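From just these sequences and the hints, can you work out the full model?
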Amino acid sequence: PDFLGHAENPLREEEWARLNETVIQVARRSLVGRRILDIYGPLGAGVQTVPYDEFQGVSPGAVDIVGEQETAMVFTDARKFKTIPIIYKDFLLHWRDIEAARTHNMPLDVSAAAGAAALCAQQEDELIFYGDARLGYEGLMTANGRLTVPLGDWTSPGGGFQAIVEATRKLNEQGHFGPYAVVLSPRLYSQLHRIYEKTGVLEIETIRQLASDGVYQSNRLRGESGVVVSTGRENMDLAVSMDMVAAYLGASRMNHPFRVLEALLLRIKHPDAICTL
Amino acid sequence: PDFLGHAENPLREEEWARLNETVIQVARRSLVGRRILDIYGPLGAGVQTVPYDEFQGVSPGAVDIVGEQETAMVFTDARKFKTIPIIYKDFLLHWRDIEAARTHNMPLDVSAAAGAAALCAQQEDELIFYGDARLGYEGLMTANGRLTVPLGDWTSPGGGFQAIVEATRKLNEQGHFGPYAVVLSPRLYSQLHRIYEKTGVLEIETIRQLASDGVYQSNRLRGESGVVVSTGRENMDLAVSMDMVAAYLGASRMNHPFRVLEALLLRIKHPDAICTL
Amino acid sequence: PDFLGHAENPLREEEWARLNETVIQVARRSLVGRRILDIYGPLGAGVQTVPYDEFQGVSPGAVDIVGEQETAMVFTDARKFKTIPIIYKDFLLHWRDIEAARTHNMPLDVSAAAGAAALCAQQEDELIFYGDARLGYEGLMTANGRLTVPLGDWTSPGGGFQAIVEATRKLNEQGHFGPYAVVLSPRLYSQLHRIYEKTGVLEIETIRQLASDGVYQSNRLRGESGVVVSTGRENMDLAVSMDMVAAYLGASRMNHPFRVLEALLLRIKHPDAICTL
Amino acid sequence: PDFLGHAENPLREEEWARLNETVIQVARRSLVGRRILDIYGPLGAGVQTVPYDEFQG
Amino acid sequence: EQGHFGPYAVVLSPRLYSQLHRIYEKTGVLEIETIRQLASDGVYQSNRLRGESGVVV
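Chains as they are written, first to last, in the entry's author numbering: chain P, 2 to 278; chain P', 2 to 278; chain B, 2 to 278; chain A, 2 to 58; chain A', 174 to 230. A prime marks a further copy of an entry chain.
These are calculated hints, taken from the structure and not from any lab test. Please note that a few of the clues may not be correct.
Cut-off 20 Å, straight-line C-alpha distance, at most; resulting in silico cross-link-like pairs (PhoX-like, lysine-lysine) [claimed, not checked]:
1. P':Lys83 <-> B:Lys199
2. P':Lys81 <-> B:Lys81
3. B:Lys81 <-> B:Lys199
4. P':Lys83 <-> B:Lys83
5. P':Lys81 <-> B:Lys83
Have a look at this one:
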């Protein structure tokens with residue numbers, strides 16, 4: 002077992018069960034992008050592909066008995082699924098370590114495992130909020146349908162407010178409404194949280210009651226925030242192939258390399274819910 | 002049993018079970034440093050040693066299929082574990098006492114037991130927040146990686162705010178983010194809680210919504226506070242060998258000496274999350 | 002067929018048994034530092050750590066019966082155990098040959114293995130006799146408590162007699178005495194191989210009868226230096242975690258790489274027993 | 002429960018046997034004054050007193 | 174210096190060996206015992222080596 006190899010999953014079932022638990026704990030807490038959108042069902046590793054395009058658009062029904070049509074409801078003119086990514090951040094455990102834990106010490110050191118997961122899940126959000134274009138994907142800086150609201154006009158004192166109202170109005174128009182979520186760069190959040198004159202009241206209290214879903218801060222959004230959405234289903238979906246898991250590079254040098262595998266793809270099924278600054 | 006000795010654990014199982022319960026109750030409520038950092042697993046008394054150094058540093062992944070490397074993820078250049086401390090505050094119970102309780106009175110007097118635990122757990126925090134250098138340890142006044150923010154500029158009225166924003170900014174930069182916790186000396190806390198002009202609003206309300214984890218007060222931090230951290234795992238870990246327990250000096254003079262044994266060591270796995278005034 | 006691969010154990014149980022036998026044989030012949038100090042017990046690779054310090058240290062007291070008064074001895078002082086190194090010398094076995102040995106030839110050759118182990122164990126001794134600034138060690142040149150004698154090993158016929166005699170003087174005087182062992186540079190040994198001396202017999206007879214545990218030659222010691230110690234245990238211990246073994250790197254581009262793994266750490270628990278030139 | 006010490010004889014019979022053996026090893030090696038005079042026989046802790054003493058002829 | 178050390182063997186032309194066998198070394202006793210201890214694997218004589226040369230390995 003020191004010798005070595007192969008396929009021991011060099012841990013044991015107990016340490017192995019822990020390794021999974023530690024990774025999913027730290028990852029789920031450091032993911033800010035799974036809280037703004039309710040997740041899709043796990044698709045398994047069998048699928049390479051996530052369903053793609055909808056909406057456009059909006060006509061309603063009265064009615065009584067017969068006499069109601071558009072609809073179809075189409076299902077929108079376009080295919081096929083652009084393959085769900087594989088993103089990973091790897092880690093190794095050292096020579097003795099684990100096997101030192103199988104002789105004397107009952108605790109297994111997860112120090113690198115969770116640390117990688119926190120870093121990996123982080124960039125996962127970078128994949129979502131930014132554009133990508135490497136693999137030629139969407140997210141929202143690129144979704145269009147924004148009618149390019151300038152938002153902003155957030156300088157100094159006086160508030161600090163008007164942007165989100167401009168957003169709700171524009172969001173409301175065109176026929177898409179729901180409970181709204183707002184994402185900001187930390188730098189704006191503080192700049193609006195401040196310079197109570199001081200007369201004074203707070204920025205957080207006014208936005209959080211207006212948004213009515215919540216307000217979130219991501220480190221990965223572009224310095225000039227930001228994006229407002231509508232949490233409603235069949236608008237955006239976070240399509241998850243595999244969750245956070247522990248995987249093995251499997252052998253390197255008298256060591257063990259691990260990776261954390263996350264396949265998440267976010268698809269825009271309704272790009273009218275998106276507005277940037 | 003009056004006579005005496007030895008190894009009676011001179012209490013009985015019922016009184017003994019209580020003694021444990023009383024100690025852990027008062028200790029857990031008076032410990033402010035286990036609430037700012039999620040605990041490690043108990044390592045048992047078998048181990049003398051706590052794992053030591055990580056991070057430095059931060060590079061992300063895209064990706065698709067093959068083609069993603071740094072990583073390793075190293076596991077950082079340095080060993081070995083600097084032995085987890087034994088800290089204790091002792092107490093005695095008197096001559097008759099306990100045995101008076103085994104004849105007539107059903108309640109056992111825990112007055113000294115819990116009192117010692119409250120005092121012992123207190124200094125335990127002193128071990129954590131200050132430097133030590135007796136046993137040559139870390140904690141945060143000594144962690145470095147602060148880029149020495151001056152923080153402060155907290156005098157008078159007007160707020161009262163800017164320090165924590167300077168902190169979040171600097172914290173945010175360099176590539177480490179999370180939910181943040183803020184620790185202060187009681188003296189600052191009141192000085193900022195006050196001198197609403199009065200126009201007026203509160204200090205507590207603005208910081209507590211910004212920190213987004215919580216704000217805590219310790220009596221043991223240096224008079225000029227303070228330290229801001231990131232609660233995220235694989236950043237700091239409170240490594241617990243043994244919890245709070247009742248132990249016996251075992252015999253002294255027609256009495257019984259007790260001690261409360263606590264072995265807690267806090268390791269800094271990511272000293273970029275630390276900023277002092 | 003072969004197949005190809007990555008399931009081995011490139012050998013079979015017999016050849017594998019051979020390689021192990023060959024390596025420890027040649028390594029043991031090339032190890033001069035395990036013959037001057039009796040080994041510690043095997044701790045397995047399970048332990049990462051070997052206990053480090055004693056003495057220094059105080060002599061006095063007795064009166065009659067109670068106290069008057071001491072000590073509490075020592076401990077002495079601080080910890081932890083400086084992790085036992087894992088040293089390696091690597092070699093590859095080349096492609097097909099092994100599988101030619103699976104049918105065609107009965108003898109499997111050693112491209113390196115006996116040679117690498119010979120190279121590795123030797124370098125291990127260089128680790129033992131010299132110090133290492135690299136990771137935290139005690140050599141036999143850095144331990145202090147050396148009271149360096151004005152060398153010895155002259156040209157003139159008395160020569161090394163006076164030297165080892167002077168060594169025993171101060172060694173004994175420091176308040177530490179026992180059976181002695183002497184280690185010399187080969188060049189010193191030949192210049193000290195006498196010629197003639199006292200007219201009864203030669204130098205080997207006088208030194209071997211004086212130190213009286215043995216006389217040894219190492220090539221890894223400094224050419225000018227030579228060292229005297231006391232073989233008695235609980236003074237020095239040669240701490241061996243894992244012995245010398247053949248280990249597997251695994252499948253590579255195409256090759257079978259091996260390494261020889263040796264973990265040896267020497268601790269000086271009473272550094273009054275060391276004397277240099 | 003456990004955590005040992007009052008204690009008992011906190012070593013065990015094997016470990017205890019070692020400690021005794023080690024002591025006589027290092028002590029007999031470090032005693033130079035029992036080699037120049039043949040020792041008296043052990044009397045046990047029962048005696049407080051060692052036979053004595055004459056001279057001059 | 175080349176970074177190669179080990180147990181040494183010395184091979185000489187027979188003509189060298191006797192010239193070296195030799196006398197007392199004035200310190201001194203024989204060449205054989207002093208060399209045999211330096212190379213310390215052995216000292217050997219072959220006739221087929223060149224007369225002036227000799228080699229250590």
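Exercise. Which hints from the list above does the structure break, by number from lowest to highest?
Worked result: The structure conflicts with hints 1, 3, although it agrees with all the remaining ones.
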